[PDB]
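**Q** Next come the chains, spelled out residue by residue.
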Amino acid sequence: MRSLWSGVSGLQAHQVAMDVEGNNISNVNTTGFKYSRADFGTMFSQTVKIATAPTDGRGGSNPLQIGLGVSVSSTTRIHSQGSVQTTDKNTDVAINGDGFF
Amino acid sequence: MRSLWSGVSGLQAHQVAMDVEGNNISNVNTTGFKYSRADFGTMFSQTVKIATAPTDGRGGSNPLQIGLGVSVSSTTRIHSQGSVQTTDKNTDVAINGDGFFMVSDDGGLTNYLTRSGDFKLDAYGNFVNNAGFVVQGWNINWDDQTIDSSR
Amino acid sequence: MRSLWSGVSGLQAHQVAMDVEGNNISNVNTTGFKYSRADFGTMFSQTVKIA
Amino acid sequence: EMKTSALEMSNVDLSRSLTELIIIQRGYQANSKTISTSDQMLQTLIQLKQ
Amino acid sequence: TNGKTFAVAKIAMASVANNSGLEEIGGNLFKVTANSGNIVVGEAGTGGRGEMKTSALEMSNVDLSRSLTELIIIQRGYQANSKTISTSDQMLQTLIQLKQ
Amino acid sequence: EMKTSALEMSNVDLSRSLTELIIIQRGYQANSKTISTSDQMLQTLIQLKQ
Numbered sequence: 001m002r003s004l005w006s007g008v009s010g011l012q013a014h015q016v017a018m019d020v021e022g023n024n025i026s027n028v029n030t031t032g033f034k035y036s037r038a039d040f041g042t043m044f045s046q047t048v049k050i051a052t053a054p055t056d057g058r059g060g061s062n063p064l065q066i067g068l069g070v071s072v073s074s075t076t077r078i079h080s081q082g083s084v085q086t087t088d089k090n091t092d093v094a095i096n097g098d099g100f101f
Numbered sequence: 001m002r003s004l005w006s007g008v009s010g011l012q013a014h015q016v017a018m019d020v021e022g023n024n025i026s027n028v029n030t031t032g033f034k035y036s037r038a039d040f041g042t043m044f045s046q047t048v049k050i051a052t053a054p055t056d057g058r059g060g061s062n063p064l065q066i067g068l069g070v071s072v073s074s075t076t077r078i079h080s081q082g083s084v085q086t087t088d089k090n091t092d093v094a095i096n097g098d099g100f101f102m103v104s105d106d107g108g109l110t111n112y113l114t115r116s117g118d119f120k121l122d123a124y125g126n127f128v129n130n131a132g133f134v135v136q137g138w139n140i141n142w143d144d145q146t147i148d149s150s151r
Numbered sequence: 001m002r003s004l005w006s007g008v009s010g011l012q013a014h015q016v017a018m019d020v021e022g023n024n025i026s027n028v029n030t031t032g033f034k035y036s037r038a039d040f041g042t043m044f045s046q047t048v049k050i051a
Numbered sequence: 802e803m804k805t806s807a808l809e810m811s812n813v814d815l816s817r818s819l820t821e822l823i824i825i826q827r828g829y830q831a832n833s834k835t836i837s838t839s840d841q842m843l844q845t846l847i848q849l850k851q
Numbered sequence: 752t753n754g755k756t757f758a759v760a761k762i763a764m765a766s767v768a769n770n771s772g773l774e775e776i777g778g779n780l781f782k783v784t785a786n787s788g789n790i791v792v793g794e795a796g797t798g799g800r801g802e803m804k805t806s807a808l809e810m811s812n813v814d815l816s817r818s819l820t821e822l823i824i825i826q827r828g829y830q831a832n833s834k835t836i837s838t839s840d841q842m843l844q845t846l847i848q849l850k851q
Numbered sequence: 802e803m804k805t806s807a808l809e810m811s812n813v814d815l816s817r818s819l820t821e822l823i824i825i826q827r828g829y830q831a832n833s834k835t836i837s838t839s840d841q842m843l844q845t846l847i848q849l850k851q
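Chains as they are written, first to last, in PDB author numbering: chain A, 1 to 101; chain B, 1 to 151; chain C, 1 to 51; chain D, 802 to 851; chain E, 752 to 851; chain F, 802 to 851.
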């Protein structure tokens with residue numbers, strides 16, 4: 001039951017990554033394009049028990065949390081400079097550093 | 001009757017192991033993740049009779065306990081180093097050994113530790129990871145043109 | 001049951017060898033590199049009876 | 802500065818993209834296994850009563 | 752924009768006496784707890800703590816074969832205990848039907 | 802001794818590497834069979850009772 005939810009979670013997460021990747025490949029060659037990428041982060045974990053300090057002749061003990069699912073934190077655009085090609089039309093400048101039209 | 005209880009016991013135990021495993025597989029690819037694993041230990045056994053030393057021409061005898069059920073003792077996280085990949089964003093370091101990044105939602109009263117590093121600037125000057133928190137560290141003093149690590 | 005454990009054992013072993021090999025091929029051309037190799041040895045055997 | 806009479810192409814590298822098409826696919830496949838085994842355990846549960 | 756290129760900040764890191772003792776939260780966050788330790792703040796590479804590696808990102812340590820095989824193990828053990836409970840039920844219905 | 806103005810490349814031979822990529826793979830495949838038959842015998846066991 002629990003593993004089913006975490007499992008469908010990862011599934012839609014990878015779906016979301018696939019969409020962004022599909023876009024990036026889909027528009028190669030379009031001028032001025034800057035590709036993006038998906039990012040993942042873990043969902044909050046249930047903690048069945050608490051960690052404990054050593055006491056009456058015993059040692060300490062690790063916290064006993066499960067940990068359930070994965071989800072998309074954010075996309076990020078990336079702005080590295082692209083390759084240039086010359087054209088024959090005089091009126092088609094391309095900036096060579098930073099800043100926008 | 002008895003075997004029914006021990007049997008349902010093992011059943012939920014394996015359920016608990018399945019959940020953790022399901023999480024581990026569920027978040028492959030997430031940066032900085034460290035997988036965990038479930039651990040099992042036997043439940044206390046009823047002892048119907050006691051072991052006995054040899055006496056009047058007899059030998060000794062083994063204790064006659066039954067033994068009932070199984071349960072989860074603990075999970076353990078595991079911290080082996082992960083594989084690295086390069087990116088094109090300059091501001092996304094990954095530590096290469098041990099130790100964690102600090103972050104806090106406040107002035108630093110409540111630090112949180114991470115091994116992920118998707119750091120990035122905002123429109124404002126603060127140097128932020130994904131979703132909110134501002135990474136801890138320290139700023140330069142222009143009067144001296146010097147960083148002051150000690151504080 | 002038993003064969004399952006031995007079988008998964010060999011499986012992760014070959015995995016470990018694959019990783020090292022993957023590194024060696026991965027950094028051809030890097031200067032001063034010296035390649036490594038994995039080595040295997042048998043696990044302790046149960047002895048049901050004595051000679 | 803402007804660079805006249807020339808046009809600026811997309812920054813997409815392609816190898817990086819294709820390899821990710823592999824990664825995404827395999828992870829997808831794996832989670833797809835998780836859900837399946839999780840279903841089979843359920844049908845064993847419901848059939849347990851018969 | 753001037754010729755100069757001053758360093759403008761510096762990143763601290765930290766280490767605990769016991770990794771994996773410390774508790775998890777949602778996000779990629781961890782948290783200090785008992786049976787873990789104190790934060791022990793220090794610099795990037797001197798306390799016995801490792802250096803930054805710039806412009807690169809660190810992927811999860813999950814091996815996958817190890818995971819899938821466990822998906823098999825868990826399943827089969829589950830199946831077996833599922834048999835135990837069933838036979839245990841049938842013996843009960845034989846008991847109750849014994850009286851008729 | 803030093804050898805000036807020259808740079809020393811990796812000692813990796815490549816044929817030796819590729820052949821091992823084959824070996825590892827086939828052994829992996831075989832053990833993968835062992836586990837599978839070992840599973841099927843288990844499902845025959847559990848289905849034996851029905």
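The reader is advised that the hints may include incorrect statements.
As the list claims (entries may be wrong) - Quick look at which bits of chain E chain D covers, simulated, 3 or more residues with Cβ under 8 Å: (1) 812-822; (2) 831-843.
What the hints assert, rightly or not - In silico EDC-like links for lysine to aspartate or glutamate, alpha-carbon gap of 20 Å or less: (3) B:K34 to E:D840; (4) A:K34 to B:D122; (5) D:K834 to E:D840; (6) A:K89 to D:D814; (7) E:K761 to B:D148; (8) F:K850 to E:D840; (9) E:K761 to B:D39; (10) E:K761 to B:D56; (11) B:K120 to A:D19; (12) B:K89 to A:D92.
FYI, nobody ran anything at the bench for these hints, they're computed from the structure.
The beta-carbon is built from N, C-alpha and C at its ideal position, and this holds for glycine as well.
**Q** Work down the list of hints and note, for each, if the structure agrees.
**A** Status of the hints after comparison with the structure:
{"no.": "1", "hint": "812-822", "verdict": "holds (count 4)"}
{"no.": "2", "hint": "831-843", "verdict": "holds (count 3)"}
{"no.": "3", "hint": "B:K34 to E:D840", "verdict": "violated (42 Å)"}
{"no.": "4", "hint": "A:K34 to B:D122", "verdict": "holds (19 Å)"}
{"no.": "5", "hint": "D:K834 to E:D840", "verdict": "violated (32 Å)"}
{"no.": "6", "hint": "A:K89 to D:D814", "verdict": "violated (26 Å)"}
{"no.": "7", "hint": "E:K761 to B:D148", "verdict": "holds (9 Å)"}
{"no.": "8", "hint": "F:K850 to E:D840", "verdict": "holds (14 Å)"}
{"no.": "9", "hint": "E:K761 to B:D39", "verdict": "violated (41 Å)"}
{"no.": "10", "hint": "E:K761 to B:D56", "verdict": "violated (82 Å)"}
{"no.": "11", "hint": "B:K120 to A:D19", "verdict": "violated (23 Å)"}
{"no.": "12", "hint": "B:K89 to A:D92", "verdict": "violated (29 Å)"}
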